[PDB]
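Colleague: Based on the sequences and whatever the hints tell you, model everything.
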Amino acid sequence: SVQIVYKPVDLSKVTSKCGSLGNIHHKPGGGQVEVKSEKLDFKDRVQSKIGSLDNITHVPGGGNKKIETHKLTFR
Amino acid sequence: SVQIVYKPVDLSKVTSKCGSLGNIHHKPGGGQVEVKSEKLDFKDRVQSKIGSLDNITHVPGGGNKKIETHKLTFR
Amino acid sequence: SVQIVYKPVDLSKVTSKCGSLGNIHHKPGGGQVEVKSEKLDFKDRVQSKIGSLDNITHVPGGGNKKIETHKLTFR
Amino acid sequence: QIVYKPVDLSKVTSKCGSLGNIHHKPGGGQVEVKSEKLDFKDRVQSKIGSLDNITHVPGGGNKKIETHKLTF
Amino acid sequence: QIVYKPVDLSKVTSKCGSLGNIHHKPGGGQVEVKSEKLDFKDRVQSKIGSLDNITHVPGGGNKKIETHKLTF
Amino acid sequence: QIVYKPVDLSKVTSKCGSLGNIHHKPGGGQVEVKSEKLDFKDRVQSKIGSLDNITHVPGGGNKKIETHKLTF
Amino acid sequence: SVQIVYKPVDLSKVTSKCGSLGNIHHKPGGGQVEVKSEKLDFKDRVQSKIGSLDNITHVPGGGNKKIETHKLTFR
Amino acid sequence: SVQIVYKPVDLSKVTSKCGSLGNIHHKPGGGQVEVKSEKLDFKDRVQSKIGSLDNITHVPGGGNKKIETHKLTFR
Amino acid sequence: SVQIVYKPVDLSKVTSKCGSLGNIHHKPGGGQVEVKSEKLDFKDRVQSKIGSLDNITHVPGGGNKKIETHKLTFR
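Protein chains in written order, with this note's numbering: chain A, 1 to 75; chain B, 1 to 75; chain C, 1 to 75; chain D, 1 to 72; chain E, 1 to 72; chain F, 1 to 72; chain G, 1 to 75; chain H, 1 to 75; chain I, 1 to 75.
Treat the hints as calculated values from the structure; they're not laboratory data. Don't take each hint at face value.
When the alpha-carbon atoms are kept at most 20 Å apart in a straight line, the in silico PhoX-like pairs for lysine-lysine are as follows [claimed, not checked]:
#: 1; chain 1: A; residue 1: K36; chain 2: A; residue 2: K17
#: 2; chain 1: F; residue 1: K11; chain 2: E; residue 2: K41
#: 3; chain 1: A; residue 1: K17; chain 2: A; residue 2: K49
#: 4; chain 1: F; residue 1: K11; chain 2: E; residue 2: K15
#: 5; chain 1: H; residue 1: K49; chain 2: G; residue 2: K36
Modeller: Below you can see the structure in the form of structure tokens.
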């Protein structure tokens, strides 16, 4: 006889208040990227990024995150 | 006989208050990146980034984070 | 006979108050990066970054973080 | 009486063998200008806020400048 | 009486073997200018806020400047 | 009486073997200028806030400057 | 003024005598050759042999050789 | 004045006598050759052999050789 | 004046006599050759052999050699 009672209670909160949001300037000055290689050989779960000039402007009004994971493994 | 009572209570809070948010200037001056290699050979869970000029502006009104993990493993 | 009673109570708070947030200037002066190699050979859980000139401006109104992990392992 | 009679048999010359590829690859750029009340007079050369790139490969950039003059 | 007669048999010369590839690859840049009330007069050369790049490869950059002059 | 007769048989010369690749690769840069009330007069050369790069590879940078002059 | 009298005499003999020539066997085992390469980039006077498997049985009745090089040169 | 009288006399003999030549066996075991490379980059007067497996049975009745080099040179 | 009288006389004999030549066996075991490389980068007069497996049975009835070099040189 085995008994398991997985009952994690959670009344938590993630909250923000901001009065105003703006006057944000993202003015990148270009640039030069050169990448040289011979063969590219990628196998089994490869994440790759080569030769990038990426610009990201991200202004969420409330970028709040609640991330939660629950896992029961009987065997 | 075995008994398990997994009941972690959580009434916590992650919170922020900000008066105003702005007058943020991100003006990068370019640059030069050169990468040279022979073969690229990546296998089994590889994360890679080569030859990058990335500019990120991130101004969340409230970048608050609750990250939580629960794990019960009977065996 | 075996009994386990996992009941960690949590009433904690992570909080911030800010008057105003701004007048932030990120003006990087470019630069020169040269990377030279022969073969790149990455295997089994490799995180890599080569030849980078990355600029990050991060101004959260409240960059508060609550990180918690719970783990019970009966065997 | 005046007898202005200069003589010039002079040579300005060059030899060059060969040159490779000529690649000009600008990387972009940012220029911002807020000019006001600019008064310029008589032979003014001016640049305000410039991000200029020049590749200049003449096979023989040889110059010969002469300024003869007489006045009375 | 005046007899202005300079004589010039002079050589300005160069020999060069060869040159390789000529690559000019600028990396971008930032220029910001807030000019006001600029009064420029008579033969003024000016640059304000410059991020300029020059590659200059003449096969023979030979120069010869002469400024002959007479006055009465 | 005046007899202005300089004579010039002079050589300005160079020999050069060979040269390699010419790579000019600027790394970007930041320029900020806040000029005000600038009064410039007569033959002024000026630079304010400059991030300038020059590659200058003449096969023969030979110069010859002469300034002949007579007055009465 | 200047004279050259190149008269190299040659009466040399290269000879062989054999009674009989035979009962020769070439029965080598079956060979294997694997070659793996990526890009091949051969330029200017390259001589190349890759992945060869040669079986040779050379039985001349008189494999005699006589090689002579004459090279007079005047400047 | 100059005089050159290049007259090397040659009466030399290279000779052989054999009674019989035979009962020769070439039975080597089966060989294996593996070569692995990435890029090959051969430039200017390269002589290259890769991955060879050569079996040779050379039974000349008279493998005699006579190699001679004459090289008069005047400047 | 200059006089040169290059007259090397040559009456030399290279000779051989054999009764019989045979009952020769070449039975080596099967050989294995593994070569592993990355990039090959050969420039200017490279002579290269990689991954070879050579079996040779050379039974000349008279493997006699006579090599001679004559080289008069004037300036």
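Colleague: Run every hint past the structure and note whether it holds.
Modeller: Structure-based check of each hint:
Distance check on the hinted pair: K36 of chain A and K17 of chain A sit about 48 Å apart at the alpha-carbon level, beyond 20 Å; violated. Between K11 of chain F and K41 of chain E, the direct Cα distance comes to roughly 41 Å. Violation of the 20 Å bound is thereby established for this hinted pair. Restraint check for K17 of chain A and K49 of chain A: not satisfied, since their Cα atoms lie roughly 36 Å apart, outside the 20 Å limit. This hinted pair checks out: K11 of chain F and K15 of chain E have alpha carbons roughly 14 Å apart, not beyond 20 Å.
With a C-alpha separation of about 14 Å, the suggested pair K49 of chain H and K36 of chain G falls inside the 20 Å cut-off, and the hint holds.
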